[PDB]
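Whole structure, please, built from the sequences with the hints as guidance.
There are 2 protein chains.
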Amino acid sequence: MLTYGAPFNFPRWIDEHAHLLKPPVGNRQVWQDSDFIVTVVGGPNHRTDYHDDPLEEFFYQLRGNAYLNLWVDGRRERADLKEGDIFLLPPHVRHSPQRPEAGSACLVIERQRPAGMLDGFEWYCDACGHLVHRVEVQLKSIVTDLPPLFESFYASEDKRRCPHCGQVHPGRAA
Amino acid sequence: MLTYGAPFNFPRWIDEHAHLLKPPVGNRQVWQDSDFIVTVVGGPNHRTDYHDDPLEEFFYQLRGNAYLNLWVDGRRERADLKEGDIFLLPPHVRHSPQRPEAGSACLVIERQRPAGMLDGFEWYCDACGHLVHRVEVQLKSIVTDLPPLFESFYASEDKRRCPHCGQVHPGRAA
Ligand SMILES: Nc1c(O)cccc1C(=O)O
Ligand SMILES: Nc1c(O)cccc1C(=O)O
Ligand SMILES: [Fe+3]
Ligand SMILES: [Fe+3]
Ligand SMILES: [Fe+3]
Ligand SMILES: [Fe+3]
Numbered sequence: 001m002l003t004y005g006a007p008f009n010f011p012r013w014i015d016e017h018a019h020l021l022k023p024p025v026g027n028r029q030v031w032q033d034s035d036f037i038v039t040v041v042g043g044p045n046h047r048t049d050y051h052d053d054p055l056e057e058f059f060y061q062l063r064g065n066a067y068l069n070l071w072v073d074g075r076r077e078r079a080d081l082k083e084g085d086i087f088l089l090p091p092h093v094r095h096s097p098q099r100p101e102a103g104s105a106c107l108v109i110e111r112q113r114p115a116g117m118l119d120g121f122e123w124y125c126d127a128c129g130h131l132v133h134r135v136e137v138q139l140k141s142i143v144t145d146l147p148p149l150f151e152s153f154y155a156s157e158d159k160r161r162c163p164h165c166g167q168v169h170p171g172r173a174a
Numbered sequence: 001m002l003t004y005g006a007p008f009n010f011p012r013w014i015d016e017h018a019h020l021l022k023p024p025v026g027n028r029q030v031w032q033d034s035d036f037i038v039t040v041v042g043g044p045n046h047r048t049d050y051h052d053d054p055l056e057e058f059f060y061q062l063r064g065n066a067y068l069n070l071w072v073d074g075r076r077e078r079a080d081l082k083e084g085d086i087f088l089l090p091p092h093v094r095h096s097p098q099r100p101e102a103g104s105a106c107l108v109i110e111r112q113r114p115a116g117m118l119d120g121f122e123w124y125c126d127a128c129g130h131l132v133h134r135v136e137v138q139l140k141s142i143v144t145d146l147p148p149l150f151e152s153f154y155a156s157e158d159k160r161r162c163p164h165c166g167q168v169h170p171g172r173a174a
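Line by line, the protein sequences are chains A and A'. A prime marks a further copy of an entry chain.
Counting in the entry's author numbering, the first sequence runs from 1 upward without gaps.
Counting in the entry's author numbering, the second sequence runs from 1 upward without gaps.
Do not rely on the hints blindly, as some may be mistaken.
Identical copies look the same in the list; a pair holds intra-copy or inter-copy alike.
Claimed, not checked - In silico DMTMM-like cross-links for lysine to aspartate or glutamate, where the CA-CA straight-line distance does not exceed 25 Å:
hint: 1; residue 1: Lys22; residue 2: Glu83
hint: 2; residue 1: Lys140; residue 2: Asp35
hint: 3; residue 1: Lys22; residue 2: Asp145
hint: 4; residue 1: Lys159; residue 2: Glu16
hint: 5; residue 1: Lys140; residue 2: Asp73
Worth flagging that the hints you see were computed from the coordinates, not collected in a lab.
Encoded structure:
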C-alpha cells in the first residue's frame, strides 16, 4: 500500500508544525522509517559544528533565508540559501547550516546511510583553523540523535582544545 | 569543490527552462551525473505506461496540478497531486504520472539505481486488467532513455496484445 499515506499540502503542514521547529538542530522529519529522508528545518538554529555527510544532501529554502559555512579547498566559505533557491551538496563536503530568522523553513533531503557508512561531525579552531574535534557515527536519526554529542563536547574542555595552538573552542555559545 | 555549482533560485530556473518541458516524458534534470536525481517535469505529458521504480520517488507539485494512477492491492486507483502537495512513493508501487495542464511543474526526485537494480515499465489491459506487457531495465537517464521503448511498444501489436483476453492496447494514443 501507500505506507507513507497519500499526498498532502506541504505549505499547510509547515504552517501547522510551525511550533515544533526548535534548536539545536531545529529539524522535523516529514515521513518516518523511509529511505529518502525528508526533514524540514526552521530557525533560529544554533550550529557551531560541521556535518560530514557521506551522501548527498538537497535543500530548497521554501520560505525564509539562511546560509552555509563550508570548506572549499580548505578555506572557510559560505553558501547563501536565499529564499526560493535549491542546491545539492556533494558528498563529504563539510557544512555548517546557519538558520537565523525565526519562521524559516527549508526542505532538507538526504538518504539513509547504509550499515557501514558513517557521518562525521567536526569542529575547527578560530585562530589556527585546525581540526579541533571530530566524531564519526552510524546515523539513525537526523532529528532525535544529534544534540547528544554537541552536548558532550560543549561540556568537555579536553575536546574543545585545539591540538595545534591550544585555544579552546567557545562551544555551546560561539 | 561544489561539483554541482552553487545555489540558485529555483522558480526563476523553472521560468527560464519553461520551454524544454516536452512529451512523452516531459522531464528535465536539474543537476547532471549525481546520485540524487532532481528532475522537473511539466505538462502536457503522454503516459499510458506504469513505472515500477525499485526505489522511492518524491514529488512536490511546485506549480500546477496533476495525478497518479496506481495499483493499490491490485485495484486501479489515483493519487491527486494538487498544487503545493508533496508525497513519497514507496518502492515498486506502480505509477502512471498524468500531467495535463500546460505550464505545470513538479519536483520529482529519485536516486541512481545501483548496478543490478532494475526499474520496470508495465502496461495493463482495459477490459481484463491483466498485465499486457512489461520490460525491465538498468535505468541510466530518466530524461533521454525512456521514450525509446514506448516507441517500440506503441509500434508492436504483438506486445500490446493482452495475454488473457486478447484485446489490443491503444498504445501511443490511449
Ligand atoms: N545539514 C543538516 C543535517 O545534516 C541534518 C539536519 C539538518 C541539516 C541542515 O542543513 O539544516
Ligand atoms: N514517474 C516518473 C519517472 O519514473 C521518471 C520521470 C518522471 C516521472 C513522473 O512522475 O512524472
Ligand atoms: Fe548535513
Ligand atoms: Fe587553533
Ligand atoms: Fe517514476
Ligand atoms: Fe485484457
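How the hints compare with the structure:
1. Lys22 x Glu83: within (20 Å within a copy, 28 Å between copies)
2. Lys140 x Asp35: both (11 Å within a copy, 20 Å between copies)
3. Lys22 x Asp145: within (14 Å within a copy, 44 Å between copies)
4. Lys159 x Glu16: Neither. Shortest intra-copy (39 Å) and inter-copy (49 Å) distances fail the 25 Å Cα cut-off.
5. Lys140 x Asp73: neither (29 Å within a copy, 31 Å between copies)
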